[PDB]
Amino acid sequence: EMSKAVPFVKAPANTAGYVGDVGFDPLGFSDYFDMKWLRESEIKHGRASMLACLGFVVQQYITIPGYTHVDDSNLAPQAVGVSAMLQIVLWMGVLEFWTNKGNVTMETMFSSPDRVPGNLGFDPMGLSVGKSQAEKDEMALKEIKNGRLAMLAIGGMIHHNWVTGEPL
Amino acid sequence: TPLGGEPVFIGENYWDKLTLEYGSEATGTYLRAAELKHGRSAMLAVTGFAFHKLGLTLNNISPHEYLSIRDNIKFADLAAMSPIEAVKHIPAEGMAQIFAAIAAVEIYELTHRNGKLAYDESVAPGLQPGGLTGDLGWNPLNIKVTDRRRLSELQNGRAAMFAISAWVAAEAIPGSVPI
Amino acid sequence: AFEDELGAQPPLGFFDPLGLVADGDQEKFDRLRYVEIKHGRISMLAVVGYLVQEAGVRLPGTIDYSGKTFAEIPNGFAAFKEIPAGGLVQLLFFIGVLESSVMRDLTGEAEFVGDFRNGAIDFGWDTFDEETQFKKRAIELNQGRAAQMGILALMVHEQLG
Amino acid sequence: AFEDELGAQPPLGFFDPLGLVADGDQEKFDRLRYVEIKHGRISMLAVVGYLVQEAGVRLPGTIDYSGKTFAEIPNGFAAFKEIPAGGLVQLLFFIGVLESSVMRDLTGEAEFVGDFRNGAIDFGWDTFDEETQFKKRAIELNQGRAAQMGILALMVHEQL
Ligand code: CLA
Ligand code: CLA
Ligand SMILES: CCCCCCCCCCCCCCCC(=O)OC[C@H](COP(=O)(O)OC[C@@H](O)CO)OC(=O)CCCCCCCCCCCCCCC
Ligand SMILES: CC(=O)O[C@H]1CC(C)(C)C(=C=C/C(C)=C/C=C/C(C)=C/C=C/C=C(C)/C=C/C=C(\C)C(=O)C[C@@]23O[C@]2(C)C[C@@H](O)CC3(C)C)[C@](C)(O)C1
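As they're listed, the protein sequences go chains A, V, X and W.
Each residue of the first sequence is one higher than the last, beginning at 35 in the entry's author numbering.
Each residue of the second sequence is one higher than the last, beginning at 1 in the entry's author numbering.
Each residue of the third sequence is one higher than the last, beginning at 1 in the entry's author numbering.
Each residue of the fourth sequence is one higher than the last, beginning at 1 in the entry's author numbering.
Here chain A stands alone, though its shape is the one from the complex:
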């Protein structure tokens, strides 16, 4: 009846069979928008953040030969140019069209009865294959939580430098 997370507003409907469910939706976005799109968004925002949290830290100390070491990760695009930056994002596109067999909008995605949120088919090593349901639910709670930590993280790493002018 009431929310588990914040126990003085009403419990959000149509968020029941999802992994990180603690009933946290005070602004009611899940009442208005499709829940499969919102989950798929939250996982993708989290995975890009987790890669950017490693990136922001490892870029200070490791630099690949041919580039210029930049003291602050934030100043890296200027030290790589625009041609290299566009190559990254245009290939990200091509990797995204192939990803969802061409269904790339909020109307075409999740039009098949298959295609559950976050299941890319990606598993080269075999992590979580042939196991039980409780274990699968547990490992999915870890990807959400670490991704949510990394989103609020990748703010702070990027923001710290905004004010100041030196690395992490």
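The set of hints was computed from the structure by calculation and includes no laboratory data.
All C-beta atoms in this analysis are idealised placements derived from N, C-alpha and C, irrespective of residue type, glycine included.
Heads up, some of the hints might be wrong.
Mimicking DSSO-like on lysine-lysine, the simulated pairs with C-alpha atoms at most 30 angstroms apart in a straight line are [to be verified]: (1) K68(W) / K28(X); (2) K165(A) / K78(A); (3) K38(A) / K28(W); (4) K44(A) / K179(A); (5) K68(W) / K68(X); (6) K116(V) / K179(A); (7) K81(W) / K81(X); (8) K68(X) / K88(V); (9) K70(A) / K44(A); (10) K116(V) / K135(A); (11) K17(V) / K165(A); (12) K78(A) / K179(A); (13) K165(A) / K179(A).
Have a look at the derived ranges for each label pair, beta carbon to beta carbon [what the hints assert, rightly or not]: (14) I95(W) / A163(V): 51 to 59 angstroms; (15) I95(X) / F63(A): 40 to 48 angstroms; (16) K37(V) / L91(X): 52 to 60 angstroms; (17) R58(W) / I95(X): 28 to 36 angstroms; (18) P84(X) / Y22(V): 35 to 43 angstroms; (19) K144(V) / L91(X): 51 to 59 angstroms; (20) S162(A) / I107(V): 23 to 31 angstroms; (21) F14(X) / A153(W): 50 to 58 angstroms.
Chain W side only, calculated, beta carbon under 8 angstroms to chain X, not exhaustive [stated by the list, open to error]: (22) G19; (23) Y65; (24) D122; (25) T127.
For chain A, the structure is supplied; the task is to place chains V, X and W with the ligands on it using the hints.
Just chains V, X and W with the ligands, lined up with the frame of chain A:
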């Protein structure tokens, strides 16, 4: 439940910790695949190093010794500056070319599942559980594919790896045993 | 109680001068093997370190980008004087990550304590009879006992001169 | 009502002048006792601190790499402000890991503290005498209860 191990003696050890508790049967395949890749790479490297040390280069074995063909990069000069300090003298063009072939092979090992490339998929065939078994199917004039051949190949692989590692170490710094 | 266990061997055998397993005051039937094995494993890599790390075989190159070579770094507690203090933390830290992430019973199939890997010191070892375990796990345990008296020597004799 | 509990020793017995466990709740006693036992010994280590410190007993050597020695350190509240800024961080850190590690032992209010063998040292709860623990835990509480009034002396007998 993996393939044959050490012939003189056997020991699996660090295998059930990831193919039962950490991972599963899909990880087993992947691991073997990686091992085979590394083995083959090491073998080729070993052969190359051996050839370089011996002396059988273009100047000794053929009529052509001018690799650069514009950058004045003869084979004699590259055969007189060891094996580790020779790979850095390779022209960028050539480097690019080499990266190309390898890239193509890797992509094939990734797209072309079985007989032909797969046009529609969420991810690449080899990026899924058990995506790359280890065998690419490249068997020109295939003599045999038995249970002995595989084991022999594997053994030659690890041996080659160790050998080349040792070789590199010795060129770089005091190793341990003789060469 | 534990007179027939690993480590009791001639000439002494079971020899507890303090009365340590004489009761369970703090559950002395367990963890005292684990506390005895753990110090010695440090000491065995220390003394096979420190004697080779006295003989004069060095790594090539420099400890950093600023040109400080490894050959300029002597042996002993003097070697930590020529480690800059950023190194002293990271030398502890990713070893300290090993204490909480590999230096514990991870999978739960440990026959013993110090039993973490199961398969990689299997040195043609599966053939050998269960008795060969008790031999080279006494030989593990008693190298580690005797390498502490090696390393406690080679730490105190440096400060004594 | 709330008698025969831990540490109600008689020079008084039933120390409740104003109804504080009864008008607290059903259970604040389970908080309050956990709350009291921690306050008692932080006072004890304050009393055993501030006395052994005042006798001049110091650790031989320096506290940092810049040459600040322990014998250059006077006492009172003038010694926490002297140990350096980074030196205070590593104090507070593996303290702050351990109000995390001890409050969350799969039960919060049933068992008390979360005994000192949490880290680097290991505890046995099985060796567990019924009669021996009533006196020894009620010494221990009542040592700290006097130590709190004792440390409240030496914190307040500095300012006046
Ligand atoms: C780099 C090596 C390489 C190899 C060997 C091939 C080989 C092949 N391609 Mg691919 N391809 C490649 C790179 C490669 N391609 C690259 C870089 C691209 C662009 C990214 C493509 C784009 C592509 C497209 C769009 C198509 C193919 C097609 C095909 C197959 C022909 C169609 C068919 O019916 O055969 C099937 C083969 C058999 C029935 C015989 C099976 C026997 C096995 C052993 C294969 C032969 C051995 C193996 C190919 C050798 C590789 C080992 C390596 C070390 C040399 C053929 C197997 C067509 C296809 O397969 O789909 C219809 C096709 O439409 N290719
Ligand atoms: C990158 C190459 C590589 C890879 C992926 C593997 C992978 C594997 N090997 Mg293996 N092996 C290798 C190289 C490799 N090996 C070499 C060089 C040798 C010769 C010494 C051997 C000798 C060997 C034997 C004798 C057997 C295997 C077996 C196995 C399988 C089970 C063991 C396991 O879980 O992994 C092993 C652990 C890892 C791959 C972890 C990676 C190592 C870490 C990350 C870094 C280590 C760096 C190290 C310091 C390099 C110096 C060399 C070392 C000897 C000091 C597994 C598929 C067994 C098998 O087939 O099943 C029973 C088996 O019988 N291997
Ligand atoms: C350099 C990168 C180029 C490589 C192209 C990569 C191809 C992408 C993979 C195709 C999907 C195949 C999967 C199933 C195949 C499939 O059926 O899906 C086809 C896909 C739409 O599929 P669906 O029809 O299932 O999608 C839902 C539709 O029914 C709409 O309701 O459309 C495309 O393929 C677009 C391909 C990109 C076209 C790029 C051209 C660039 C035009 C941009 C113009 C810029 C204008 C600037 C402003 C003026
Ligand atoms: C119990 C115990 O002890 O551990 C256990 C557990 C543990 C350790 C995990 C185990 C394992 C797995 C292991 C040991 C895995 C190790 C794998 C290993 C060691 C893999 C090396 C590859 C080398 C390559 C690819 C080199 C290529 C070299 C190439 C591609 C070259 O180009 C060579 C080159 O020269 C040419 C030809 C010409 C020159 O101009 C250029 C250079 C110089 C570059 C085991 C087996 O279970 C045993």
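_So, against the hints stated earlier in the document, which numbers end up violated here?_
Of the numbered hints, 1, 6, 16 and 22 do not hold.
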